[PDB]
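Read the single chain below, which is given as structure tokens and is the form deposited in one PDB entry.
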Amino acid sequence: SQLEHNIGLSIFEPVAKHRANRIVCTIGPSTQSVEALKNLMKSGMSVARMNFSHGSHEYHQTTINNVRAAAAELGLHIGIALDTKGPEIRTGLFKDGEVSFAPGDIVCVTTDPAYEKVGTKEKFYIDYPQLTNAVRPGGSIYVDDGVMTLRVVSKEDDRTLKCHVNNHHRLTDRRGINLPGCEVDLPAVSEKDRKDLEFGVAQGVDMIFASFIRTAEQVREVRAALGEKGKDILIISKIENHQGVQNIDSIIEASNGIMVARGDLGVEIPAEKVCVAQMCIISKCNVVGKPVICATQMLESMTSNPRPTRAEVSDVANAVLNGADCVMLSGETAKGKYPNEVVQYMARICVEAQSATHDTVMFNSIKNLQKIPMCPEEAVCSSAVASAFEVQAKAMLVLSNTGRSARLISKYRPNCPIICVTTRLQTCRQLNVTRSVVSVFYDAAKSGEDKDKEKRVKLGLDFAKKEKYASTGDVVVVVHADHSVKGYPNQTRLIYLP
């Protein structure tokens, strides 16, 4: 039982030597140089997130180039994630750049572009043109991560709402706007998003984090936008509002993976419900073997301080115990003072949580929920993990070209590394959002066809030696096809490292 497990825990035991969970870092001014990226990577960044809410194509092009250069210098496969603006709503500017509000303060908000740059305590601009359809008298506008709320007193005209300010707040430029439970219908893929996606395909990004996905239909819109050259890019749907949570099953089925985007989520639904949605979403993803990323304010204080709070440490540990493949940093690495240290903390916490995890509870729970009969490869991969447990394998080794077989082994949550020898660099980069997987590239053009898998296997075992996963005499659980079968693995071997 969880209880009996807990009472046996020790703060005195050694921790896991190889970190299973993966860390996503948002790049910004703190972290864009090749050098800063090298150090993020050294600290434990597996994926680099470009936030296309801000910056031009040139700015992100510099991110892309710098990532590839850092990674090549270090010998790493680092994923690059394009995170879409999507249907964001913001304020315009204000005279000076701040204004200040008190409760009962009556403020007019307008969609008139003419007030964009020149906003005040009585009148300012919001860039959602359908504002006065979206929210009626009595409804509520949430401003700046929902810190200040505005009650709508009346519709003045089609362009203008008169609003009752409900509390004190310090209003900076171009702040976020949220409209919980309103008829907001903006596209999942705007004109702006469409260009950003096209740029992603051109630049060969590995995955999209698609903001504000509320339907499987919207996931497909993002797929269609990425066009023909873009079909192998992962779509991770960001769950961020009421509808996203409601439609989660079918959003999951359409997507390659999911981010719990707790930032917008905890404004869009009451903040205290985010914990329930997180547990629910992470688990649903585990059950179908699709990567899931927990995001936002995980080590937030560390944007300014050299140490995290107690809450932040448990938040990271619990995202891991919840079953998340990945944990994410946003402001902390994009614009914080301690990018490297925050990533290092997150890593150390990950490894604690991983060492606190009961070995086989996930394996069993997940297995018990799968429809029988399985397809052969899933039977191979689950039984492979089972026999890793039974022999205390220090590693597994799987040949995967698309990444499918590596994600399938990971679905069953072994307690050791999954070394994946792949024939595609993009698979190396994409498997970064999958717990436990460590990727090695086999260049089949340079080295030959490897029909019998002996070149790729040897390369995986040599990697196991060099990275100190296992030594001579240790058992490794090796998964690929036999000599005939094409398209999936049908075979498991147990192998002593030579």
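Think of the rigid core as the biggest set of C-alphas that the two forms share within 1.5 Å after superposition. Positions refer to the first chain, counted from 1. First, how it differs from the form deposited in another entry.
Looking at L265, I126, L197, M298 after a core superposition between the two forms, you find that only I126 has a C-alpha shift of 2 Å or more.
Two rigid parts account for the change between the two forms, and C-alpha superpositions put the rotation of the smaller relative to the larger at 23 degrees.
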Given for the second form:
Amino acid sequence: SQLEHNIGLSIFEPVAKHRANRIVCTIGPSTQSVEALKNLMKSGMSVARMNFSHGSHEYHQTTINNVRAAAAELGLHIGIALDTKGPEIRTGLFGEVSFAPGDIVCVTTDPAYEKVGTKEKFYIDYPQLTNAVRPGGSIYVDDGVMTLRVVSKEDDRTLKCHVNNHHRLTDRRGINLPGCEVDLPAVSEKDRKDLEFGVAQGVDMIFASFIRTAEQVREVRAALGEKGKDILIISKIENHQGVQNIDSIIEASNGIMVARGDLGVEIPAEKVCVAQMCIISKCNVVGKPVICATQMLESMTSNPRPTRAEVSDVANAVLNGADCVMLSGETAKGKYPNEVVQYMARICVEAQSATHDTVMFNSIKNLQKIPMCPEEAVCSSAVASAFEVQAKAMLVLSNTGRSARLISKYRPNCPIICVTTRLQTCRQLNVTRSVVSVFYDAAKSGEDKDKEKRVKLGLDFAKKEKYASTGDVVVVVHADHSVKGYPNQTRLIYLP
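Write the structure block of the form deposited in another entry for the protein whose form deposited in one PDB entry appears above.
Next up is only this chain, free of partner chains and other molecules.
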């Protein structure tokens, strides 16, 4: 039981030597230089997030170039993620006002009130407004620091609203419709240009904002088009629809972000913790990477030490089952970008060492539909045989990354060394728990039909990184001599 595992926990035992979970950092002024990036990588960054809410194509190009130069200097494969600005609902032009508690205000969707507007009749660029918010429900303004409650519908396009608290305003502020189905495009026009940038520049994954339906995930894929077919889509769940539609969004995506900042505006703050637990477990169950985001070490934007709550939050995201934990402002524009990543890495390792070896393995395995595909039977059994011999490492050949993700899904307690023939697989596997990638250049080194070259490369990597030594058993997953497309074989071998 969890309870019996807990009472056996000790703060005096050595922690795991090899960190399983993965850290995503947002880049910004704190961290854009090649030097800052290198330190960030030494500190524990596996994925660089470009927040496309702000900055131009030129700014983000500097980010891209600088990441790639930092990584080449350190001999690392660092994934690069494009986080889209996303379709959004905003007020029209004004140039300011002030709305102290108790006021009564009118919001219009007629586009002749866009450039005009005042304390009494201002624009909202969402043209379906008087559908979504029926009388009695709420309109959130500016990440919901200000709440408005609609009484009724004035003309076809205006609603009447009782203001609830203090606040100032300015043009083009952010609007939320909490608990309301929102019928926006998956992809804004700015998003189209940003995605096609991302394709052209070869980003590894897209963090797709405000994903509400499976259909919107497919819109994002079609926009990536043919040249972008192998770019991961990580759907950001940000409102009640996302949560409602989670099953089918998962099916459509390569992975999920629990985008708690935005989600905690759209749904009551205390319900985010139910959503988190639910979503992370649903992803664990299908073997798709999941990322926990937002304010995880927030106070380290300004302090050299995190709060007790913040350490807890990181530990528990790991215990919940998240592959990755993310940093936003902490690394983008904080005083202590390196220290915050180092803390995050230590907390990960600690939560990982407190995790019961085999509980996830069994739980996940018991929820799988029988019969399995052969490769999944091979990968789950390989993880079982890793526990059985206390393997210090596993080794998988994977070109797309599929097989690595499939092993990671069963949650072994050792590193998964993935020898791959694709640089982009090395980068994309950065969002998958446990996996460590080694590139085999098949053009340079030859075909390796019998797998011996890649196996040797992987076993030598295990020695060099001090995962294992001579005479240690390693579990090795790839195809036999004739099967193509997936691994059908496991071997236990002793390092020479």
